[PDB]
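Below: the structure, in structure tokens.
Here we show just some of the chains, and they stay where they sit in the whole.
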Amino acid sequence: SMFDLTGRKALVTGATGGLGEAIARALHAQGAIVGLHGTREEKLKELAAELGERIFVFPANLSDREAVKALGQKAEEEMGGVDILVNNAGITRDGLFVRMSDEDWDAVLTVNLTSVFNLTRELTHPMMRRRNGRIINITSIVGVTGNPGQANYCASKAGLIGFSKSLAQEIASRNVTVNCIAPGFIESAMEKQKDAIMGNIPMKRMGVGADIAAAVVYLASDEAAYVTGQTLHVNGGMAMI
Amino acid sequence: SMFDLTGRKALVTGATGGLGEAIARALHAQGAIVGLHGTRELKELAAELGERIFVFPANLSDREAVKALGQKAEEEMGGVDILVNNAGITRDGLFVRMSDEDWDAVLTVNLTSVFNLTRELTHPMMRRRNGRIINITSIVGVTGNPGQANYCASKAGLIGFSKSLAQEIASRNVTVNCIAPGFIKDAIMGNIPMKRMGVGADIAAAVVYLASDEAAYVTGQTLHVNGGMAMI
Amino acid sequence: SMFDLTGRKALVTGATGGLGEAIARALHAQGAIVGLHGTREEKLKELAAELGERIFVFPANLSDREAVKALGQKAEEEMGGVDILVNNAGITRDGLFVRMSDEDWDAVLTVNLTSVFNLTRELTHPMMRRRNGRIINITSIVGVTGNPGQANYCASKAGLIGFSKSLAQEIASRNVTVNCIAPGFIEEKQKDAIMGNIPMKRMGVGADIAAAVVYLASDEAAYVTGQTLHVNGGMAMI
């Protein structure tokens, strides 16, 4: 049946977060074997035990290049081949540019971009070897439009898209796809503040985690074998590309 | 269970060949009741899929026939939930040599019949608080392409039209979204990183995605399904 | 000097309107011979008389295909060949889609999209033979973003970008570029909702568009084709 993912192996980073949890759940529901990454192991084994079978758990700190490298090799080995890498984990250090410290720029780049670079590198050669794979990168509406307060975040998320494009071209012949999803504003750790944003969402409501989760399922499906290099916007029409 | 359209009523224009037919098949496979538009007897496709099918011939060049088309499908299906604007033509050739007819014609089908048909179905979808409009544009609407000044206009305008309508009817839970097929000769293969032509099923799948309840929060967008030929 | 336009011949459509006159003045001041299109010929003469030397007057109703063809021909012959075409005139028939008329769609389509086609068709061949030319199309922010109550306008301004892209690819080799400019909002509940979305917090003036025309029309922009220049206060960032 359509969009089936039975037997497919997925690794989802930031899998205890709002979106990562939701994505993990959806992959599982479609029959995937799901590896869940997180910073805290306790929160992870908790999502595990709740989903039942076909779950692996991989704690690691994404700041830490060497743990990211290990995260890759672990997943690939325990899972017996990762078919689906979802790069969802990502941090913020918001503030005005003219007050923005090196440490706030660095941390965001090294997490949102370079840990994506190293994890993806651990898993792409294997995927290519197998002639099958999906690399799905959670960017943000903000990487396309820009946003005040987030010079670092927007850079990291626009860059994520252009990394995605370059890789996609390079590995398309080997039946491995790479695509981005761009969430608008989604219910999470987050009234005037809120009203200003809602006035630009034509659909006049916030997003939910299922909205991103289902876009992941779509892109990871066989049926999406011919989509690579693209950015799928999920945002109630907040920005229309 | 995921991406289930059982009981939802969909109209696909240009359902007789190529993408329309593949789109219609996937809609059918997912439970939808599928109204089949085409220019010519179509009765064959109807007979292949059997149950949950309607047949609506019309000439899309005839604004009157497009109005009736929409009034008829709305009426006989008990309300269209999914409109797929698929049908479209080309009158290719260099800009210098391009007839007023070749311009007029392409715009009349690819743009204005879409204006008209959609206008027929939008209010009813609004009043039901539910609706999908999915428009098949083209890679060439975004990239431009020689020999196709008229086509590219129509396809580019199709996107533009969709965004604006997307903003108006969002609060009534009707989405509107484009799908940009790629190519669907080794000059063409050269520029496709995936080194294959697309097939109908690749576009039909994207239709189902966008048409699904799970895409309620997607609107105003263009989904490129193109082997990586142009990356936006 | 740079961005010098002396010796060049321009036709500007809707030259009497806000963007058109600004566009005309800036081309003129940069040395160009400008042909002013409009519908109300008496408004053309007023502009001419103010501007003096290096001016032609070409009244024409752009809703009239025949007149659009004749307009091209007359500008081509009388000006001694047109070097720069600025497709600027364009109408609105605003309103909610579900209320929109057959005539409300077709009239925007035929002015904003097909008269551009015919006019441009009239002058490209000449520019191709001379192996030098500039087609410059005034699109709009909303053609890229979309905007409610403007499904017809948005279709026409997105299509015009698509129009330009295809044409740009055809004639690039014969040194005629074709580009679009996308103005944002240009010169009290409606107003300041718009203003709330412009980070620069001011409206745009005709001179902001006029400068982008001069930039694209210049020899210095020979390697620019098929593009869209946004001049919008940072309202939309492409």
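All chains are identified by letter, namely A, B and C, in their written order; residue positions are counted from 1 within each chain.
Methods note: a residue touches a chain if its C-beta (ideal position, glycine included) is under 8 Å from a C-beta of that chain, and two chains touch if they have at least 3 such contacts.
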{"item": "Per this structure file, total copies of the shared sequence (3 shown)", "value": "4"}
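Rule of thumb we're sticking to: only the chains that are shown with their structure count from here on.
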{"item": "Category of the chain touch graph - line, ring, star, complete, other", "value": "complete"}
{"item": "Per-chain CA centroid nearest to the all-protein CA mean", "value": "B"}
{"item": "Cα-centroid distance, chain A relative to chain B, in whole angstrom", "value": "30"}
{"item": "Inter-centroid spacing, chain C versus chain B (mean Cα positions, whole Å)", "value": "31"}
{"item": "Interchain centroid distance [CA atoms averaged], chain A/chain C, Å", "value": "42"}
{"item": "Residues of chain C touching at least two other chains", "value": "145-146, 148"}
{"item": "Of all residues in chain A, those that touch chain C in their complex", "value": "145-146, 148, 199-200, 202, 239-240"}
{"item": "Chain B residues within the chain C interface of the complex", "value": "63, 94-96, 98, 100, 103-104, 107, 111-112, 115-116, 119, 122-123, 126, 140-169, 220"}
{"item": "Of chain A, residues touching chain B in the complex", "value": "2-3, 26, 29-30, 165, 168-170, 172-173, 184, 202-204, 207-208, 210-211, 214-215, 217-218, 221, 223-237, 239-241"}
